[PDB]
Amino acid sequence: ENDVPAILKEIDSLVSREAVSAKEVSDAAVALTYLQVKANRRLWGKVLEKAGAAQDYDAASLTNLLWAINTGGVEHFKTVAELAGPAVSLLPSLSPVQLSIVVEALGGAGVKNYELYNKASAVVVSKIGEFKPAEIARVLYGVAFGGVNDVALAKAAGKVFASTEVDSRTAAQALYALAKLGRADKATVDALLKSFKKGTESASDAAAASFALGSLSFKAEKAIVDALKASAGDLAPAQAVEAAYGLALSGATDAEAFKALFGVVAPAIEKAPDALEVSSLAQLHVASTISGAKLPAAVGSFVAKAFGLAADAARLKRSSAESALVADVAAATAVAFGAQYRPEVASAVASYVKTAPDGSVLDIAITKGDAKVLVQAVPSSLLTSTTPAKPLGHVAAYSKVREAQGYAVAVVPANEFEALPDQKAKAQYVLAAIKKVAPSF
Amino acid sequence: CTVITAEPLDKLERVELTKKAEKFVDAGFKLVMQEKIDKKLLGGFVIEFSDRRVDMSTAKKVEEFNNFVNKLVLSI
Amino acid sequence: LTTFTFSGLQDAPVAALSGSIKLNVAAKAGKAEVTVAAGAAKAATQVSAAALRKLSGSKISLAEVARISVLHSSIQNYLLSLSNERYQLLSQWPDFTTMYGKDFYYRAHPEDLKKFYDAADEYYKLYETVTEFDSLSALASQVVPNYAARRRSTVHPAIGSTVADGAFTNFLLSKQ
Amino acid sequence: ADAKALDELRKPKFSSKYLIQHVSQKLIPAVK
Amino acid sequence: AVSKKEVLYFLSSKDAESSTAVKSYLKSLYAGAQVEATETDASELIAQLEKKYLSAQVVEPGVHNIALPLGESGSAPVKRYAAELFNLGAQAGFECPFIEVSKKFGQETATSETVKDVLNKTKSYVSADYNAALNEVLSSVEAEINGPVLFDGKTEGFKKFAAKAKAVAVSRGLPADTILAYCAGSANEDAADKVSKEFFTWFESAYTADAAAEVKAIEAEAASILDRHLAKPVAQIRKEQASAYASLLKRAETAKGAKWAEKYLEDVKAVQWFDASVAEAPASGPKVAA
Amino acid sequence: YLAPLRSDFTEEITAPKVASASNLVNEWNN
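In order, the protein sequence lines correspond to chains 2, P, 7, T, 4 and 1.
Read left to right, the first sequence gives residues 5 to 445 (the deposited numbering).
Read left to right, the second sequence gives residues 154 to 229 (the deposited numbering).
Read left to right, the third sequence gives residues 15 to 190 (the deposited numbering).
Read left to right, the fourth sequence gives residues 40 to 71 (the deposited numbering).
Read left to right, the fifth sequence gives residues 5 to 294 (the deposited numbering).
Read left to right, the sixth sequence gives residues 23 to 52 (the deposited numbering).
I should point out that these hints are in silico values taken from the structure, not numbers from a laboratory.
Careful: at least some of the hints might be erroneous.
What the hints assert, rightly or not - Here are the computed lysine to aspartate or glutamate pairs in the EDC-like style, where the Cα-Cα straight-line distance is at most 20 angstroms:
| no. | chain 1 | residue 1 | chain 2 | residue 2 |
| --- | --- | --- | --- | --- |
| 1 | 2 | 163 | 4 | 194 |
| 2 | 4 | 55 | 1 | 49 |
| 3 | 1 | 39 | 4 | 231 |
| 4 | P | 192 | 4 | 112 |
| 5 | T | 71 | 4 | 76 |
| 6 | 4 | 107 | 4 | 48 |
| 7 | T | 65 | 4 | 45 |
| 8 | 2 | 136 | 2 | 171 |
| 9 | P | 224 | 4 | 54 |
| 10 | P | 193 | 4 | 112 |
| 11 | 4 | 168 | 4 | 121 |
| 12 | P | 173 | P | 160 |
| 13 | 2 | 131 | 4 | 194 |
| 14 | T | 71 | 4 | 54 |
| 15 | 4 | 56 | P | 217 |
| 16 | 4 | 236 | 7 | 148 |
| 17 | 7 | 73 | 2 | 53 |
| 18 | 4 | 120 | 4 | 146 |
| 19 | P | 192 | P | 179 |
Okay, chain 2 solo, but in the shape it has when bound:
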């Protein structure tokens, strides 16, 4: 009358037969999330195989299937990305809540389907009154994570979230979408952070708001760090790492929250050292040195190595317009420290590529006795997507982690470095940026 594994075998035999249509797949997936069956990977594989095999599709079964895929936290890019054709065929016959669920669902998996996001953003900005603001935040999440830099829907969401007072989780999802988009509209972000006072039913959305405000660098809200402090048990290590990183980037001062987060994070690396990817380990080292909070002795040297690994791996896969910009800034450092001709320009630039204490390699490393000045070029991938174009919080993270190694990191962003006439003004700008960081040079 209440039995979990026998109903798992009933769903298992219901999905293993040959002619399963889509409604049986959808409710098998929903019934597989509601029983929380992350322990069985083969059953989710059978359900996703039958979801890829189905050809009939209406609004309801597609919507509940996509809801179940994202609530259960399963990821298979093939069967989810092949569910977007059923979406674009059924898109005008979708309800606004159904379009919300499918666009958030296909955006969360990262489906690069530009026709779906264009024809969904056109729908949600053609009839904006139809959409309750949670539907707005879900479509914003999906269009942001699907790889379109859509600011039309971002401006429409800013108007809705400034006009309509919204939920805590709704505002958190909108903050996560705006953080991936890199937009930092204070008129929108303020209207979202004012919604974090009614008490939050989840901890993952407070952690996502902390990571979002860290990525945008507004400041720590103090109505988010306390909710994250009390409820640091609802987070995976890969989630508490993002939480602590976004707390340290926004400039939080509470150490009790960092104790509560690293008490989750550090025994996960004690049990399994390799289970967390090196982007999370680098974010952990950032959060461990910026706020100064302490974590065990193996984990400290581990993330100290892993920040260097992730740093020179991101250097190795450099975007090739960041690389020419780093060459331009290094030539400007050459003719700013005094190098009249091109042989000593090239000799200075090749001299500036000294290594790092963590094993990495730094592009423009100028040392004078004990005082060292590192120069950073922040091209456009680490800028805000607006016409002010303030650099994102990750370059402040990199600067503040290199600063604990002995450097006085000078930031040379490319929105203004490229707006200079020639090499003399660029050398003047680089020297002025160095002097207001370290005037001892």
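Knowing the structure of chain 2, use the given hints to seat chains P, 7, T, 4 and 1 on it.
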């Protein structure tokens, strides 16, 4: 002599190019130059001794590099 | 998928869609009353709001276990679905065995009967070779290397002629 | 015996990755 | 298994043996080992050659995990296939395909003077049906201008050449205005992004057309190969395939000491294991450890 | 089931050379 450079020279490019070029005259030989410009050289230089040519340009270096690596991967 | 997801107990499915399994949620503002009903065994629990948000904390991250690879298995599935198309037209072949009897032997011209027996032997050849499905794997291994060498491009694995022509349109119609 | 692993089974088999690695290991020192 | 520049490329990849070597290296670093210093040497030619031969080790085992959408009608299988090739290029350290082939054009013709020479140098990267349509426009404006059309940007021959190359590109189906508006940029984000949303509709049209052309050629090759194979008797097929298997296996047992040959023979043993574990439980699949 | 391992790159960008239709369906109908 005659030197062809990609862009017009600096006065240290001229001096160390002059010091580079005395390895191709094996005596106490002075060089006068007739410096020309060819943008299809991508840096480096081409020395023309009117009986002898030294190609220290980098267009020659990248095409010889490409010949080397396109030959060596056929060897393995 | 992403590290933070925002679904669970809000605009969730209120009922199942097919009658093969019955599922109802009686959701209040705080928790949910779910009774999943599948045939002989039915189960029931009270799923929290902090459980459907805690479910995507770890990811399943499904991946296919293949005999050789997933590319090879896609090519072999295409070869099998083409051998089905040839088998379906060896399925509509007329029964020549209903004309083997000696009343058909002696009424017929000798060369036409020799042609008829050769046609029967020919069908047995075609049917014996279209059902050699243990050959499709080594047939799929002949499409793999040339395709996989076309995807080791010096530009991009996903580059093609339309994107390269559009980028030449941008490049040539810009200021040199 | 049987039931090998999960990550040992997800790897594609007859991709090269070790002729490319062999050509790198015989080419990059020979061109340095 | 790790050479400290291989493992930096394999961090961002999600392939199985790449993540296995990454996890083994990270697990050895957790037991107190030291990160080797990254080499600040191997100048631009060696750096680009090592990039070419390190990205290929992420590309080509990642190609074999992308199912070709053969015999699949619709937009979503081809969009899945091209999206997986996009994510594989991003994992391997490539840029967008547009940015990467435009970088190829800028690298090839950094040294050219006349526009017929940029057509002779980007011959390998543009379709010959487009290269011929540009060569005839170049000869058409070369008859009237009576000069080699130089690659300048403001010369009257170049302006009246580009005003016709835009016409032939509009004839081809390439909207040159939206592509130029995206790759040039605009000031107001609400009028730059409304043309980026048109560039991305063209771009999605472009890469699904290219992926569908690749799928159509693989479909045609597999159908041609099968219909050449279905005309043989069964004994010829069996002896031809057995001879090909035995020769390719003897080629791997000939060269020993190499890593690729022992990985090849390990993979043959793994296929034999797959057949054995399907043989012991055929209605459930291969035995996966759980 | 195994294929020859190749290590070579595609330096050109070419349309993928679609193959001509076989006559095997027409010959089997014949």
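Comparing the hints with the structure gives:
{"no.": "1", "hint": "163 (chain 2) to 194 (chain 4)", "result": "15 angstroms, holds"}
{"no.": "2", "hint": "55 (chain 4) to 49 (chain 1)", "result": "51 angstroms, violated"}
{"no.": "3", "hint": "39 (chain 1) to 231 (chain 4)", "result": "18 angstroms, holds"}
{"no.": "4", "hint": "192 (chain P) to 112 (chain 4)", "result": "14 angstroms, holds"}
{"no.": "5", "hint": "71 (chain T) to 76 (chain 4)", "result": "47 angstroms, violated"}
{"no.": "6", "hint": "107 (chain 4) to 48 (chain 4)", "result": "16 angstroms, holds"}
{"no.": "7", "hint": "65 (chain T) to 45 (chain 4)", "result": "19 angstroms, holds"}
{"no.": "8", "hint": "136 (chain 2) to 171 (chain 2)", "result": "11 angstroms, holds"}
{"no.": "9", "hint": "224 (chain P) to 54 (chain 4)", "result": "16 angstroms, holds"}
{"no.": "10", "hint": "193 (chain P) to 112 (chain 4)", "result": "12 angstroms, holds"}
{"no.": "11", "hint": "168 (chain 4) to 121 (chain 4)", "result": "18 angstroms, holds"}
{"no.": "12", "hint": "173 (chain P) to 160 (chain P)", "result": "17 angstroms, holds"}
{"no.": "13", "hint": "131 (chain 2) to 194 (chain 4)", "result": "19 angstroms, holds"}
{"no.": "14", "hint": "71 (chain T) to 54 (chain 4)", "result": "11 angstroms, holds"}
{"no.": "15", "hint": "56 (chain 4) to 217 (chain P)", "result": "18 angstroms, holds"}
{"no.": "16", "hint": "236 (chain 4) to 148 (chain 7)", "result": "15 angstroms, holds"}
{"no.": "17", "hint": "73 (chain 7) to 53 (chain 2)", "result": "18 angstroms, holds"}
{"no.": "18", "hint": "120 (chain 4) to 146 (chain 4)", "result": "10 angstroms, holds"}
{"no.": "19", "hint": "192 (chain P) to 179 (chain P)", "result": "30 angstroms, violated"}
Consistency note: the structure conflicts with the earlier hints numbered 2, 5, 19.
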